[PDB]
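A single chain comes next, written as structure tokens; it is the form solved without its partner chain.
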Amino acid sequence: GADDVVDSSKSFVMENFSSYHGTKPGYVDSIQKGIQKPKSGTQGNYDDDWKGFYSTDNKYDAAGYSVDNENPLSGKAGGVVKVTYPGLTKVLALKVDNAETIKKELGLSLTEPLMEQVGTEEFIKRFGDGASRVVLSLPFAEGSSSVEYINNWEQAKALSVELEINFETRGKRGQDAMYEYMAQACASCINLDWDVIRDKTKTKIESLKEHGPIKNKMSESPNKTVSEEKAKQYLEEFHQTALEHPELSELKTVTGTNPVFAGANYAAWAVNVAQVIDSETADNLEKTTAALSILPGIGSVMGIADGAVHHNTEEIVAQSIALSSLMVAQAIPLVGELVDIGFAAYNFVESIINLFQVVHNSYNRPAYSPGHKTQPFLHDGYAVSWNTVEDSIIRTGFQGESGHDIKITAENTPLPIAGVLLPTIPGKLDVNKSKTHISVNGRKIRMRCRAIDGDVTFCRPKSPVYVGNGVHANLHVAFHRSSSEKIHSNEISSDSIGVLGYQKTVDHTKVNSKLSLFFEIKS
């Protein structure tokens, strides 16, 4: 019966039904000429039942689909278009997102893709209520109030497309236009001017560089490869000297307020950057970002602690970015490969501004339920937990696909999630690569997934993921059943899902923290 898969309180027929779509660079304009199924690719979904044109009711969540796919962490943001169906459209809200159950319950052909059937005249006759087409609607994410729409590709052809925003038109550096647009969602609400910040930072670096005492501290540098401990201890002195520069007076004042802002954290974080940025990464902004994005300790330079963004002005922020930057340049000779020059003031600053931006976006957002609902596993500051007990089970007979939620939070300052390792049984239980994602305070982030050793699939978030006091995430795992064969309990290669946290040195080697949650493969 339809009644088991459809929520009537969320289903309605509406005239001139509009929704937004995040558009990539290079498509903003062409997409205003019409919606059409791409000639190749996944055409909306890894699973054929779910291929269709996707939109959402919130233009800021649409904006989260606008960044250049080739350079997801630093690339350009395209835009957001509004798509409108002329006349009457039936929105049919689903209670489950299991295409199979949807076909069983709606009495559909289980041999034909679900979303293709949604565009048939008979489905429309049956479920449309006098409308011209039906658009399937599902919740957008945990910790989100938005909605996601799944349109039939043919039916999408009737959509009228207008521009909502073209981020590139602004002529802004990096992903400024995009994050400033999304910052409008809270009228919460940190919206710094990153241009003024870049200016002030640049100005202050030049100034600190010339400060008599700063230059003398500089002279005391080993300027050669010294131990991690020696490099950090010189940077704790370098930081102390520099915090007395009048252009850093306000920072100096806050530094004592929270232990998160200590000299010792500026030095641990500066040495760790130097250590992970080689000639190649330094020369690439996207690599630089991927590399900084997995370091622990960003709450010190960002002034984020105990669930609040303390460094909340273009000035204390410019002061913090300048000091750290200046510290990275000193740490490069002692621990890295390149030199003080270039990177420290260019790619380091640009790349770090994008991470402030991502973390501030989270804090401007409502906190995804702080509390663990099942006992969490704690490690290196993070706490991971199944959202519910059923999320922990893989029913051996599940048909179609299954979804699993796991709450991830960290205890205090911004700690990163590098990736997720998911168990598979190739050709029976596969990862659905379009539906697995992580939602941070409701912002849904897609993943890039690949096969690794032992029937495990490694998924990396598309943009940086940070959890902390105030910023919690939901990992949503979508499994696809590509075979009607029997799935046994002792048949899976792996029986857990791993969470990769920040990168730390173990055995003098950089590794990523790792928390595992185990599955119960059961009938």
Second form
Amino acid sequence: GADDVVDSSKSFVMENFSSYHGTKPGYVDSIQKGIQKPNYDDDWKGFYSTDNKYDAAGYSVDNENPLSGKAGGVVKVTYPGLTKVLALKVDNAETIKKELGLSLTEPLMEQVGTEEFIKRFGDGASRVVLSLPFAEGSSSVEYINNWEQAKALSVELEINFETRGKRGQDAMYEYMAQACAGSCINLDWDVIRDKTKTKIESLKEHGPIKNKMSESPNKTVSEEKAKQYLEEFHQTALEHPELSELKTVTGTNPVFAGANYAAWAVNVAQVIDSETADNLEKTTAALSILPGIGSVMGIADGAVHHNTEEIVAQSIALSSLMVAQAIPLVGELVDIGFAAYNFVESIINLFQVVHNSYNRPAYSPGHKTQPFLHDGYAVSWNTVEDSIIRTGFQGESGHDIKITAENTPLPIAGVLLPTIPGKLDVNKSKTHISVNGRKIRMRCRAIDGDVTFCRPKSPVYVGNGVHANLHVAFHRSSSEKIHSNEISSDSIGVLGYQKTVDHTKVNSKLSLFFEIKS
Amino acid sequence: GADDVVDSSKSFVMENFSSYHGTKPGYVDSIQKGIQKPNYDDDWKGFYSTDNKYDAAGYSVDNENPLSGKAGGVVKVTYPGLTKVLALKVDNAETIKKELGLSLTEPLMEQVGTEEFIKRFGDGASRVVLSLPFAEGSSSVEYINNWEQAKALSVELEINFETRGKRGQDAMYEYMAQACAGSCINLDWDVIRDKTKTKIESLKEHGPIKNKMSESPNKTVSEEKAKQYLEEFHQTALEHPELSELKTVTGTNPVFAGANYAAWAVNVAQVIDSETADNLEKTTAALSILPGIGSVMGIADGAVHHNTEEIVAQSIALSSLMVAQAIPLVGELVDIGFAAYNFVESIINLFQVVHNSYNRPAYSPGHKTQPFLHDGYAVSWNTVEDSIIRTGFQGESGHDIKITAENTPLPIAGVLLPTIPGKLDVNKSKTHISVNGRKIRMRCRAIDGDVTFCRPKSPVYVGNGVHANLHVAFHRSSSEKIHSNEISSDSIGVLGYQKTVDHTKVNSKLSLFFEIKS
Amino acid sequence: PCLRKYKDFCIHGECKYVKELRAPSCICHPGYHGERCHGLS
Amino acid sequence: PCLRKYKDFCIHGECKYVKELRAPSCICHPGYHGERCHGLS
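Given the form solved without its partner chain above, I would also like to look at the protein as it appears in the form deposited with its partner chain bound.
To see the whole picture, the full complex is given below, headed by that same chain.
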């Protein structure tokens, strides 16, 4: 059954099939002459490319020093004549060979290169290239070329990061930022490096800073008393004119509090030692497994708040001055050289990794199967289809929402359902919540014509070991499709316990966003 | 296509098909004479029963006063002769009729009662009964009987709660507790009612209590200052000999702290008013949407810690005395009558609901698709199949684990994979984590022969808007099935940031439990 | 009650008093979230 | 290192020092969880 493993919708033949390849450093010039060959699944031996040059870029780092090496480049490889791209529904070679009726006793990619396979599944092309979804959470695909067929490729250079001779991996990430800059963080790290250096020296030569630097006990102390110094040093340091903009964007969000920079400074001091502090790979390595970084990065609530070269520089500068105060209080090394040197370099690298994550497309909390985590609860659509509300027909549809809580028993007061009378109304009887098997019916009631409210008949609690599934049933009386202007809200509001938000008693709202389709 | 909507594996014919039905109060005697007939989907008009008498019990409450009414009973209904149970793969009548080729212009349950349907799908029986999974998260099924065919049923009584004349719904929950008592909380609420009453009066007549009762400002005050009084009152009250056992089981867990009973007392005071305080339904209603109840229930970490009549009584007693102190400080009613009266009754009812949840079978955090929520992270198996590791064959298998974090950027240091050499080893190359589309490879390494450790090549952070999918690939060299004794660990340890647990720096472990099968 | 007492409570959403629970609510406009529909995403 | 320094750290699990991260770890026995494999579930 070829229809069982080959996704024909995504399979096709084209003239001059082109793709991209991430080229490690030192291989940029050599690869521009031809594709040449040098696991537990011998079947996938082959040359790998991708339909996305930006993803391809990601693969241009030293496999030796993966965290903080230098970048190589990206090349565009093209096949002359016709090439068949056979997209696959699975990545299990054994299962593929069975369903495709092949030699179960030989590697898969080698059979993909034989004329027998190129004849049968080739639909005309000179060679075949396997195509599998790049990864979970992406639209890009991964092209697996047969080693033999791949010598036929024509390599042309697209970008060369090493050629830009830029610090760390700046060139590489500057390139990837283009993906969205056609949120979208497109920063100039050179500028950020400049501003940071300038500010670190300015802070050091500031009266109050020096003044506070003296109040430092300067020898190892308990981390409880250390934080208190750093927090005070923080408040003081943040007063400096150079850091004016940080003082402002920082005063509101708790994540960005001085206590947070303080605990961060201490964490760093505790894990870096003379050995580590000397090596860039080793440092970045230690730093990357520490919590509280969003505090210095200005990342919280699904957003990168430190969106400018100016603020980014100010945050790193402050973090570096703090780390320098922290080292003698609980560290064990050459007290400061690290803070303005390696620490800045590693941290800059981590910022770049996280910024890259936010620039990439993604589903927000409550969308598709992504959980929405709020006030101790964790809700999400059972499946992607559940998040999709179809229209243009008369009839029912049901929607499952997984709900649970982190620990102690938390209530579920009821649920708010957006409605469009005639095209989308709540089926009051096919709608319920089941808590650990207990199917509990709900008392629904159209508050407005815009929203119905359903409340469980018997109390509903969720927690560690107590999960529930809310089943929203919709009914359509008109076979006319819902029109955009009609959509007054695109989410289902599950209500938790009663809290006090800005002086008003309201219930915790956990949102499950949906999409109207068909 | 009948095979598309009828689950034949769960379909069958049997002599004297019997099932259970939850009977509302006032209908216990009448229903024992015969099944007689009295939504948006007219198709499911019918008499509903279930294969589980305990679930059936749940449905014996006043539909009028669903939260705290009285219980009716359960009856066993049997069909004479042969009955065909046609289990269905879906609950969409329209889809069922199409695939079963029926009149799309008439209700479903009515066609299920016609001889035409009883002939075709009946496989011999006199009538057919539809069977659908009771709910999500249960093994019980729901039987939908045709109204006509159901007069043929023979009703025999199983249990009558109203006949036990027990307070609230005690009879009903005592019955349900039997489900596990063949954790398993099987309490004697009569005893708990006794002990609570005795303790409330003993506390009231205790010197220190009266002594502290006087330090009460007795008129409305800020809730900040109110808590402080209640917390002090708490510490004092907890000293009383009657509450010795509570003082002990409470001193360790933070959830059970005096601050927690204090904030609870205040919450209650703030939502109950003269109207509410007078009605049992209205009270229980208000109470049920308040957080912090696990504090008085002694529920936390997936366990009901207040497992005895004695401790349960002590907790409720203390909670009642506190609520009485709280009322004048922020309430607005007949100051106390409520606390020893209605409050105790409602709270007792809520305890019963939650205890019932823990007695019911359920998947713990990290099992099947249930998320494991720890240190800000939220991980879980992408699908149920992912949580199942098969054996008894040579070859691969892949396993997806959804990972994310509530807010700020949290790291993923790497992952610990349990292994059984020869039967289950890590496929180092088919194993990776993809963060928002970015496929990141991993450096794996057998620490022991018992566990391999994989670390991401480039740093991995997850958070609000940054999700990831860890793909563990397993390889089998022996076609011999893994034997129980061999299984030295049944979970995958995803490591988060580095914390300090009991003096040792360790990484946050988020566990995904699996099952070896086939 | 959304007119008088709970006016301006809801930011990016429509105010609807939920009688049963005796509290206002905010039906967040497309893409917004929050008790007061303060944020987008 | 599990012998000397990190002895008794792991409750219901086997201690394994993870060199890369420079810290011990506990491979929880069937059904246990926790950094120290303290709890069942």
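Superpose the two forms; the largest set of C-alphas matching within 1.5 Å is the rigid core. Shifts are known only where both forms have a C-alpha. Residue numbers count along the first chain shown, from 1.
Once the two forms are fitted on their rigid core, between these two forms the CA displacement reaches 2 Å or more only for 381 among 381, 72, 113, 333. Comparing the forms between these two forms, the C-alpha position of residue 59 differs by less than 2 angstroms, with the core used for superposition.
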